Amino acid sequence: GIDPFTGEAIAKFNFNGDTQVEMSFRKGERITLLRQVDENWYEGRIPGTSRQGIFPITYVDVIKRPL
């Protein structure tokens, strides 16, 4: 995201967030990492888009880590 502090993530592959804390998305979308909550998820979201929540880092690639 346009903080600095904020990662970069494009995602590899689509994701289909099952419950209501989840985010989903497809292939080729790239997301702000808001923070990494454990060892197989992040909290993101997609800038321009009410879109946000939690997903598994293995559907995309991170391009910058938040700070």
Given for the second form:
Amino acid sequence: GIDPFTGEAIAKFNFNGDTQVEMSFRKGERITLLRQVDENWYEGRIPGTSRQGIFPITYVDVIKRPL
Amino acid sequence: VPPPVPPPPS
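Following the display of the form solved without the partner chain, present the structure of the form deposited with the partner chain bound.
Expanding to the full complex; the earlier chain stays at the top.
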């Protein structure tokens, strides 16, 4: 959990994103939250990979907010 | 059940 400004979440469900802008993931994956884009979407990334993109807030259980 | 996916950000 290196960066103090990042947030932290766990995927609640599989998320199949429609485009390259969305980051798809599977239930139970940990996600590093980078920013909250609006009321419905985070941008995040998966630790130890190059996966990054947006996904709905309703698909993740938030441990710590991004700053 | 996974919730419906909302419209992307504006």
